[PDB]
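Next up: a single chain in structure tokens, the form deposited without tacrine (THA).
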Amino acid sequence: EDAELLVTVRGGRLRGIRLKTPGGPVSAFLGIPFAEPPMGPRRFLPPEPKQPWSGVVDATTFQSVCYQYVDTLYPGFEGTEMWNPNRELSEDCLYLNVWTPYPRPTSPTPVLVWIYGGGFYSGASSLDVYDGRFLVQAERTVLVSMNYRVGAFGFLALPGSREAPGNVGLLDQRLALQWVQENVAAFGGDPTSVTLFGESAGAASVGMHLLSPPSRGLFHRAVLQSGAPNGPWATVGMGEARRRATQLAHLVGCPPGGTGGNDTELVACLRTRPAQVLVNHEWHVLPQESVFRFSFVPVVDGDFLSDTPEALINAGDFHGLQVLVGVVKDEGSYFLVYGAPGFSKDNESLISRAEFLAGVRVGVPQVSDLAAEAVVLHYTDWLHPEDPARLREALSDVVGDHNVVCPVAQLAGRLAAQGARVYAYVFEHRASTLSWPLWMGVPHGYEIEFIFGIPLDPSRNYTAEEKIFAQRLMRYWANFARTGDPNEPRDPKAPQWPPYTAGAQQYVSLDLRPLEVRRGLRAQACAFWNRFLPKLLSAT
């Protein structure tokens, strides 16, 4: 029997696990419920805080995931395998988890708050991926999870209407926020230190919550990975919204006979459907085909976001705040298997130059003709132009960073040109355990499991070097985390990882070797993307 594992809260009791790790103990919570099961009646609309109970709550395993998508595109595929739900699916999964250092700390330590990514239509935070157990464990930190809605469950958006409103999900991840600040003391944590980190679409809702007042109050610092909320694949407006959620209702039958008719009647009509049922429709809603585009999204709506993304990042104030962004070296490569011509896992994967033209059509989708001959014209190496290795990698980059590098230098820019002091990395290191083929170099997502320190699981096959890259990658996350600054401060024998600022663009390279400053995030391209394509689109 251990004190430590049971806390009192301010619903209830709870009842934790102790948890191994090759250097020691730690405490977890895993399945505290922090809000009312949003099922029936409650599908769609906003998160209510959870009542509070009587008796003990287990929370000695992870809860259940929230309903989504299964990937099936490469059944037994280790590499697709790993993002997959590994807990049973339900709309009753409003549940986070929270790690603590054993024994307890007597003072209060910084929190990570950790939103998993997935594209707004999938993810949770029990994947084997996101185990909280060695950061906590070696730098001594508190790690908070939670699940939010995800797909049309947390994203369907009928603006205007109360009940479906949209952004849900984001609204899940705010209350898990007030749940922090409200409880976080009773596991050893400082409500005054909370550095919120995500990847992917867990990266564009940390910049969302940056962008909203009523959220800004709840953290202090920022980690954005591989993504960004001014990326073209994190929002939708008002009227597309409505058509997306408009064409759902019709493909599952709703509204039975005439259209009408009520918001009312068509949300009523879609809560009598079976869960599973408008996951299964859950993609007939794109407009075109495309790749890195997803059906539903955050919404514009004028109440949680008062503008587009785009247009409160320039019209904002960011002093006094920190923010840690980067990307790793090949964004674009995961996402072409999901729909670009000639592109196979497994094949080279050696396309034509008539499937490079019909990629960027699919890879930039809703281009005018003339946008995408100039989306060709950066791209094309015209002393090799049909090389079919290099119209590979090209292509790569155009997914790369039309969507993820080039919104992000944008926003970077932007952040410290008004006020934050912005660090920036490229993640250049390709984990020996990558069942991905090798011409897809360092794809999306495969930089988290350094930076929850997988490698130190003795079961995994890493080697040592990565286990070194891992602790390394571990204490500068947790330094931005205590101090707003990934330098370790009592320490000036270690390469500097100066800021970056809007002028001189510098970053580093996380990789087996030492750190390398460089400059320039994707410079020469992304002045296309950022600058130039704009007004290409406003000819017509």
Given for the second form:
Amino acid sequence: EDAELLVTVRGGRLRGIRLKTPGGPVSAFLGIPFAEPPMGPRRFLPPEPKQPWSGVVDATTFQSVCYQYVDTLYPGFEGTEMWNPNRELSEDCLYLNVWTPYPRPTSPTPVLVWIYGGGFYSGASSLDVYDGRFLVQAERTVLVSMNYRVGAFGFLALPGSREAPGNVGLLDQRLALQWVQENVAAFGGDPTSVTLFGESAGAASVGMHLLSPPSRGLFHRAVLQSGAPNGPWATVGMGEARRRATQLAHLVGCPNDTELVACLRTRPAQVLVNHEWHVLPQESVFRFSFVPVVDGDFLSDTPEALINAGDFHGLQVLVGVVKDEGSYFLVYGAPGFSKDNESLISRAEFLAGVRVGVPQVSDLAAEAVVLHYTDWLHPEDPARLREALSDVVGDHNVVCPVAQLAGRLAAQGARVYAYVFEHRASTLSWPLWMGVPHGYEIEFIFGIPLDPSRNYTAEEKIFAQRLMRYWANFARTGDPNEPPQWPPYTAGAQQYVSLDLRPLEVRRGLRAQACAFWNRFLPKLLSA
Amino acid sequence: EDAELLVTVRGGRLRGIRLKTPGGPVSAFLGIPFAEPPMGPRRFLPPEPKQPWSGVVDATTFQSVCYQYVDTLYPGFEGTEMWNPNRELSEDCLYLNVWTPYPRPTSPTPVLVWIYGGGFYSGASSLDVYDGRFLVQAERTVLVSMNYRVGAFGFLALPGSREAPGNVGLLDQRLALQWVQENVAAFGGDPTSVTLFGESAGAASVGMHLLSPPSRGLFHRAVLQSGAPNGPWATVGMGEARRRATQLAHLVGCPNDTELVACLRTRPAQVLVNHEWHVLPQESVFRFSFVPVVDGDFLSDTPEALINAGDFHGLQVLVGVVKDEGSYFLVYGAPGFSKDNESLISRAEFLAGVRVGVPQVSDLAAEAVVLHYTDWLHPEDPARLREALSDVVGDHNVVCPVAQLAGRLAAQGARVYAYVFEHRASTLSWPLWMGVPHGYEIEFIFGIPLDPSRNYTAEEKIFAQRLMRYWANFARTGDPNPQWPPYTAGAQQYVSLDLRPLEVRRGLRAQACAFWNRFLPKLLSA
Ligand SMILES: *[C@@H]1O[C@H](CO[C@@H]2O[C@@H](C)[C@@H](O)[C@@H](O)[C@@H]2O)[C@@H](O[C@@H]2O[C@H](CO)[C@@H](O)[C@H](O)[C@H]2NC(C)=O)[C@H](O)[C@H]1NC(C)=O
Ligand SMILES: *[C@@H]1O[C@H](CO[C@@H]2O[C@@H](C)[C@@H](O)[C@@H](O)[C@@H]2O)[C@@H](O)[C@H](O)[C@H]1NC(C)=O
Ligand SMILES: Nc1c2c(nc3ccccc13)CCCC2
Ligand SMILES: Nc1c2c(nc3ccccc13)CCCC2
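Having seen the form deposited without tacrine (THA), please provide the structure of the form deposited with tacrine (THA) bound.
All chains and molecules follow, beginning with the one already shown.
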């Protein structure tokens, strides 16, 4: 037996596996339990640490995915299946993974912690596209990813109740981050240089760990990719959380908060998932039923409030977006859209879709959106209309939330780096009109193009290697630049770089004209 | 006696004068009385027609300027003095002018009727820059201009009262237009082809005649230059009109409407003028105390409602703006501005000026303006800020009202032509940063460059002749015609007027004017 694949952590002994890379061998420890299974009476409760075990836990394959809705819109389509669970669903799912160089490192090695996205209703650390092996081998880091509860199992909140307090999925993450502090050295990781990185809801979660003091001592640097804690989708108010938890109970035959959660706990997990989307107040895209709740505990104020009031000196942050953040979401409810035609919508469809992409606002607010995103020299051009609705959804949900976070953090002491990821993968199966859709920079950051079994080009492999260098430099030093150069983002100059097969190009403003509308004006209108 | 300079109109006999022009003689009848002098007990009342006279009235010079404020911000500066009165002030001012070719045409000739602007508080047909002689001698048309009462004397309104009903300045205009129908033939004019054209408030008045049926049988075609009846400055509501009338009264020592107007009539005209600007509710630019009031009589609804609801089939309209409508207005009250330095304002000054240029709106509305006119990659560039405040003032007060007027008329049956005038006159004395300011296309329409005594270039003279042809072509055919296409709500085509040939372009500040015409009203109701 290979001693490099035996590790003792505080709970007990683990047996790992050796994995091949086009470069060298990597050690992987998959399916390490870090919490007690949140089953039965423990559904909806904060995670409790994993009791220690005798014998040797076999950490040789991915454990199960937390219960979640499965995309069925395009059965068999690679563009959606790559995000669907690739292991059995279980509520017994709070496991984490460690990838480390082979043999295990000598000296403390810098640690990357990955938090997956998926709108807080979906995701898993087992997905192919989050494979740690390439970053570990190429950039000599230790990489940890964790599963955390999603949907109602992670974020159903009856605020004030002991029985369903909310944010427990967030607490899953924190527990994993605590686990990393106490055990990562056993694998050669340096617990004093831990960098959090995530995408979609994972980037929102990274941000929430920045703004929650108990989490803030658990890591040192942050990367937020196409997501932010201040997005209109990433948090919910106490009342709406209570209304949504309550409508779910009604939809599954339930039933006193205690009597209500008690009844929810007797229902099969899959039953809750089947009614997940029906709790939403409105037909929408880019809105999700059970997300983090602002109740004064995990988040003492709204993420936007906490950003504006924070002393962020001594923090380095890497943030960015892809070119076409909003595109794919349109085929999940915007009238006239499809992945299978050109989606050249009519003006009436555009106006309809504006209410789907910016839900729950006054008619005045909708008109203000229609005003900003219309070219009044071409009010009915279908191609321009498709592009504008994509820009509405992308600006409203990702780009302008991210721009606000970056600018406020920068103006309040943080060193910020910003990127726009502008390369469309040669392997992409979504239509060409979707551009670079939300999420399709992750495969390059994780180095997936280096897999020979996959058919990327020679330039994409080099591109992936550049990206891994940028991210790893940021982890080690707080600066993505190699020790043409990538400048910090400031509230004034608003400089960012474009990542593609061409060399770095520095540009100004993350959609500054649009994001003035969403960040500066539209809040004021909504208060009157 | 010269038989060409005697005309008989329904009131009596008139004696004219023969005028020299660079291109030949022109007959001019200047100072024809068309109403009884609105003096004494007739201050504030509708004009009453001139009663006929025996003998021969000498219509040989411009009559008096109606009582108005005189600009003193830059004493002696031609840029302001050229608009100030060039005759004595009097309430005895209701005279009009007729220019006609020499000898008088023997076939009926199409008529252009000019209404001057000046914010409804100032102006005169006497001004050099409205000299009719050049248009007449070049395009063989008959040109008429009239004086109309301005300020309180033309537009002070206590709505509902017979003693100060308001809009009497407009009725002065209407009376002159009635005069044109009964008498223009006596000079060779054709009362069946009359084209109204005006600028600033004169353009807004042209529009109000389109939207009031009694005026609408008195002309056939319309030209609106840098002004429109739907502009935020061109009308006022009944209540606000009454509030300003009443404050003006209080400020000059006057306590019953008939007793209030009675007391106002005992005040010297100059006393009224001195207190004109004090009734304005707010510090502002591009706002004027006494303007047309929407009271259901002359205007049965607001100019927007009447436009949006009107069937305009069979109407031809020529409309347009200058390049920099808003620029000069800023040195009259916007913080940091001067005609004498570059006025490279600070952002703090910019934000202040937005409240002066967009007066009487909610803080929310003010913010909506700041959003659309800030470049958020250069939020504090002084030059960009200067250019942006100019655009705020010009777009809100002129460009977008005219564009709204143009598009709605086109979409409901009218043939519309639109222009942007982009030539800065060689003679201009306003600073270079103001561009082509509001009003500095008029001299080219009237052909003033043909005056040899004035130092225009040979290219400006050719340019002036080209413009006069366009306007006169529009007057005779309804079509100014490289070809100048109709303005429509979809394609929104307009032409650029400068020393280069016609260039067709799209949209009268379409992105900005969607804000002012489509969105901002909705925001102001909630
Ligand atoms: C441009 O000038 C304005 C106006 O100042 C007037 O005109 C100048 C040419 C000069 O004659 C000044 O003395 C005049 O007062 C300047 O704005 C003024 O700033 C002063 C501060 O000293 C202030 O008291 C005034 O209220 C301001 N005037 C207005 C109308 O707001 C402006 O600073 C000058 N711009 C420059 C120098 O770049
Ligand atoms: C594009 O597709 C939209 C969705 O229609 C669905 O998908 C297409 C491919 C067809 O199979 C259709 O029958 C399905 O219901 C349409 O609503 C939209 O009109 C289409 N746009 C076009 C054809 O230009
Ligand atoms: N780009 C993404 C898509 C889906 N889920 C995702 C989850 C996380 C990050 C990107 C994603 C499901 C629908 C297909 C697109
Ligand atoms: N441009 C104009 C100015 C004034 N009056 C005007 C009147 C009509 C048209 C343009 C004008 C008086 C102030 C100086 C500028």
